[PDB]
Amino acid sequence: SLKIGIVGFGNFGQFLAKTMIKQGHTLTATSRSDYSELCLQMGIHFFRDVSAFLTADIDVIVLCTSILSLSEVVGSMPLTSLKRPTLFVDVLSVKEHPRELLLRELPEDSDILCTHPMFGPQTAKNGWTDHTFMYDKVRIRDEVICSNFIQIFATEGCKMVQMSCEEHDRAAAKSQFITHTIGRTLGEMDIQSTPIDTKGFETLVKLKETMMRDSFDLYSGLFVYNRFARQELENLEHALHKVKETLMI
Amino acid sequence: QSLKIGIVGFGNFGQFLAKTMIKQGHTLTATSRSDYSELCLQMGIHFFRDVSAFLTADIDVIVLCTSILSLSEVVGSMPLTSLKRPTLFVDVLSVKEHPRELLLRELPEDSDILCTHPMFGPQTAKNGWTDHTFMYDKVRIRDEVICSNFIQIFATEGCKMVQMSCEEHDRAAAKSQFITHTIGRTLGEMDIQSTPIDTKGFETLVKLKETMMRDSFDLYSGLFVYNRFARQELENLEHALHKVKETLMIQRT
Ligand SMILES: NC(=O)c1ccc[n+]([C@@H]2O[C@H](COP(=O)([O-])OP(=O)(O)OC[C@H]3O[C@@H](n4cnc5c(N)ncnc54)[C@H](OP(=O)(O)O)[C@@H]3O)[C@@H](O)[C@H]2O)c1
Ligand SMILES: NC(=O)c1ccc[n+]([C@@H]2O[C@H](COP(=O)([O-])OP(=O)(O)OC[C@H]3O[C@@H](n4cnc5c(N)ncnc54)[C@H](OP(=O)(O)O)[C@@H]3O)[C@@H](O)[C@H]2O)c1
Ligand SMILES: N[C@@H](Cc1ccc(O)cc1)C(=O)O
Ligand SMILES: N[C@@H](Cc1ccc(O)cc1)C(=O)O
Numbered sequence: 009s010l011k012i013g014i015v016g017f018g019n020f021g022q023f024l025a026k027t028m029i030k031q032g033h034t035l036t037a038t039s040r041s042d043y044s045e046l047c048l049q050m051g052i053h054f055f056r057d058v059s060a061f062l063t064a065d066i067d068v069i070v071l072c073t074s075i076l077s078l079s080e081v082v083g084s085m086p087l088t089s090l091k092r093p094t095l096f097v098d099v100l101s102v103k104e105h106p107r108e109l110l111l112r113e114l115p116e117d118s119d120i121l122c123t124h125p126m127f128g129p130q131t132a133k134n135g136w137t138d139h140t141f142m143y144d145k146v147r148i149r150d151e152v153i154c155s156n157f158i159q160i161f162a163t164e165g166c167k168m169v170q171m172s173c174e175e176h177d178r179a180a181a182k183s184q185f186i187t188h189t190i191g192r193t194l195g196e197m198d199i200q201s202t203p204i205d206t207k208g209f210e211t212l213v214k215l216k217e218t219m220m221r222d223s224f225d226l227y228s229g230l231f232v233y234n235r236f237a238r239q240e241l242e243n244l245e246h247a248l249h250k251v252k253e254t255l256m257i
Numbered sequence: 008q009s010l011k012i013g014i015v016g017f018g019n020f021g022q023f024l025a026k027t028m029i030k031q032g033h034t035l036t037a038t039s040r041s042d043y044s045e046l047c048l049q050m051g052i053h054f055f056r057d058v059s060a061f062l063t064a065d066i067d068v069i070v071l072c073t074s075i076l077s078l079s080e081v082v083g084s085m086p087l088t089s090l091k092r093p094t095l096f097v098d099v100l101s102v103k104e105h106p107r108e109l110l111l112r113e114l115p116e117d118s119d120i121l122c123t124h125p126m127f128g129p130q131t132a133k134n135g136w137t138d139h140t141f142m143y144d145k146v147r148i149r150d151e152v153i154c155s156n157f158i159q160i161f162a163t164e165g166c167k168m169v170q171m172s173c174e175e176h177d178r179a180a181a182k183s184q185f186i187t188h189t190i191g192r193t194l195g196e197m198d199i200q201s202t203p204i205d206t207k208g209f210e211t212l213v214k215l216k217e218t219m220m221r222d223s224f225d226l227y228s229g230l231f232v233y234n235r236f237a238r239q240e241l242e243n244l245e246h247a248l249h250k251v252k253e254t255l256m257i258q259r260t
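As given, the protein sequences belong to chains A and B, one line each in that order. Okay, so the first sequence: first residue is 9 according to the deposited numbering, each after it adds one. Okay, so the second sequence: first residue is 8 according to the deposited numbering, each after it adds one.
Just so you know, the hints here were simulated from the structure itself, not pulled from any lab data. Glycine included, every Cβ here is placed at the ideal spot set by N, Cα and C. Be aware that a few hints might be false.
[Said to hold, decoys possible] Here are the computed distance ranges between Cβ atoms for each label pair:
hint	chain 1	residue 1	chain 2	residue 2	range
1	A	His249	B	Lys11	51 to 59 Å
2	B	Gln170	A	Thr27	47 to 55 Å
3	A	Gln159	B	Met220	37 to 45 Å
4	A	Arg238	B	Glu217	46 to 54 Å
5	B	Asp65	A	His249	21 to 29 Å
6	B	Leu248	A	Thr27	55 to 63 Å
[As the list claims (entries may be wrong)] Residues from chain B shown here face chain A by an in silico Cβ test under 8 Å; the list is partial:
hint	residue
7	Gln22
8	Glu45
9	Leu46
10	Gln49
11	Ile199
I would like the entire structure built from these sequences, with the hints used as guidance.
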């Protein structure tokens with residue numbers, strides 16, 4: 009049982025909180041917007057003031073804010089007020105950025121665990137089993153607390169993948185970022201089902217619908233803060249152009 | 008007497024009203040600028056992200072719970088021709104001449120208008136609404152049954168029921184609640200602290216400060232910008248403080 013504080017209690021913060029509560033951990037939260045009533049509903053304590061959140065009795069701080077805002081959020085936190093050395097976990101969709109920034113900004117005696125649960129409310133509605141949880145033990149000295157946190161995902165059946173933040177971003181730029189870009193592009197075309205949909209087109213409509221559920225902040229953070237994304241955007245754009253020219257001749 | 012109620016603006020006060028409406032057995036729908044999907048799931052409310060879908064739902068009464076400052080933009084963005092049926096619009100803004108004038112100008116003629124201000128909220132009616140004041144003005148009512156069923160929501164909670172014009176409301180609110188918030192905001196800027204030797208009077212001021220600082224600055228701003236009688240009351244406050252101050256100087260001398 010862990011005392012887990014969520015920083016950024018939005019869509020994915022709430023998603024993680026439901027399962028950690030179910031396992032019996034003690035959850036608290038803080039966020040830019042006021043989630044007092046939703047935390048009341050869920051049965052957890054919300055701290056309108058980040059300073060009171062950080063002086064509380066807390067084993068793990070999970071950074072669930074948007075990629076775009078992480079630097080501002082960490083910058084606004086009075087981290088010297090931490091009672092104890094504390095494990096910091098990030099769940100951002102890109103990994104080199106939070107690794108670099110937490111190593112730079114956190115107090116040195118705070119541990120760092122960089123993760124990406126490769127799933128969320130769209131793909132893992134009825135549980136985490138067989139979805140991938142990527143993690144990088146960036147700066148761990150309390151292996152007990154870190155293992156307790158990682159076990160949250162192991163006991164839910166996740167496929168557990170240790171890899172560096174760099175290898176994550178290289179792979180994510182080719183897969184997740186391309187998938188979102190295609191979903192977003194179909195969203196601007198506003199593709200719609202017809203009476204003669206093929207199965208392939210049905211999957212694309214569904215892919216469009218699920219990708220459009222993520223914020224534009226999230227999508228844009230995949231591009232801005234993954235140094236490998238720009239070339240994958242080029243690869244996609246160049247390939248489409250080459251396909252077009254085989255048709256145009 | 009159980010209603011299909013849609014709430015526009017599911018923020019701090021919209022949620023406050025919904026809690027008691029759910030307790031009474033009403034069926035609630037909500038829409039808002041921000042996404043309250045999860046919280047509405049918890050409370051059993053049907054949440055529409057898009058106001059156009061909101062307006063085609065099965066709604067008896069639409070309750071406008073957006074900030075004073077945003078009412079004009081929110082109503083303006085509503086495709087009001089999407090309305091399935093003539094519908095009662097209720098306003099719960101803390102000032103009243105403004106929504107009354109705007110809804111009479113903007114709403115479809117066939118839609119009824121009840122202009123209200125519950126003189127209480129999360130800070131003062133935390134443990135129930137009993138013997139708090141609920142003000143209302145029947146601006147344009149033709150279906151008396153639905154209007155009466157809505158007003159019943161507050162009467163059954165033990166509210167003090169005050170029928171009064173929107174003008175008379177703003178006249179009284181400029182002299183009272185605006186002054187109260189101004190004093191609380193002034194004490195908040197002074198950041199007054201408790202002391203070894205607090206008197207009871209000072210204790211109530213500290214408490215008043217804390218309660219007044221819990222409302223949004225948008226709200227406090229709306230009390231002044233959209234009440235044509237607030238400006239004179241802010242002058243009367245400064246004028247009174249300076250009158251007291253000068254008598255101290257004369258007493259000093
Ligand atoms: N399935 C998923 O959605 C998923 C999966 C894996 C990882 N992630 C990652 O989890 C994190 C949150 O994802 P999300 O889906 O909830 O959507 P998101 O739009 O990326 O992030 C929303 C959260 O970021 C906060 N936020 C945004 N801008 C802020 C700013 N200037 N200042 C302070 N706080 C700000 C928001 O606070 P408020 O809510 O209080 O306004 C909210 O809590 C992201 O880093 C995402 O990359 C998401
Ligand atoms: N005790 C009270 O607080 C109390 C008592 C009586 C009457 N009232 C009145 O009830 C109404 C709500 O008050 P409140 O306490 O909840 O705080 P408020 O700050 O006055 O209003 C908050 C609501 O206004 C919405 N909003 C603000 N700016 C907006 C904009 N440009 N566009 C669209 N929506 C906007 C917000 O939408 P989102 O939440 O989706 O962001 C939120 O729902 C006010 O008119 C107030 O005068 C309040
Ligand atoms: N939100 C998607 C997955 C996802 C996870 C993280 C991301 O960064 C992006 C997408 C889902 O429900 O599975
Ligand atoms: N929000 C405070 C004060 C307040 C009352 C009425 C209002 O219209 C606005 C603010 C309360 O709980 O009472």
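Hint check, B:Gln22 versus chain A [nearest Cβ-Cβ separation less than 8 Å]: Constraint on B:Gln22 satisfied, holds at 5 Å.
B:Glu217 and A:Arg238 - C-beta distance against the hinted 46 to 54 Å: holds, 50 Å
Outcome for the supplied range 37 to 45 Å, where the beta carbon pair is A:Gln159 and B:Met220: Taking Cβ atoms as reference, A:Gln159 and B:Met220 lie about 43 Å apart, which means the hint holds.
Residue hint B:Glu45, partner chain A, criterion CB-CB below 8 Å: holds, 6 Å
Verdict for B:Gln170, A:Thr27 (Cβ pair) under range 47 to 55 Å: holds, 51 Å
Supplied contact hint for B:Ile199, tested at 8 Å Cβ to chain A: With a closest approach of 18 Å, the B:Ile199 hint is violated.
Minimum beta-carbon distance criterion (8 Å), B:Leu46 to chain A: holds, 5 Å
Outcome of range test on Cβ distance (B:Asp65, A:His249; 21 to 29 Å): violated, 50 Å
Interface hint for B:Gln49, Cβ within 8 Å of any Cβ on chain A: holds, 4 Å
Satisfaction of the hinted span 51 to 59 Å by the C-beta atoms belonging to A:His249 and B:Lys11: holds, 54 Å
Verdict for B:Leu248, A:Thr27 (Cβ pair) under range 55 to 63 Å: holds, 56 Å
Violated hints, listed in ascending order, are 5, 11; each of the other numbered hints is respected by the structure.
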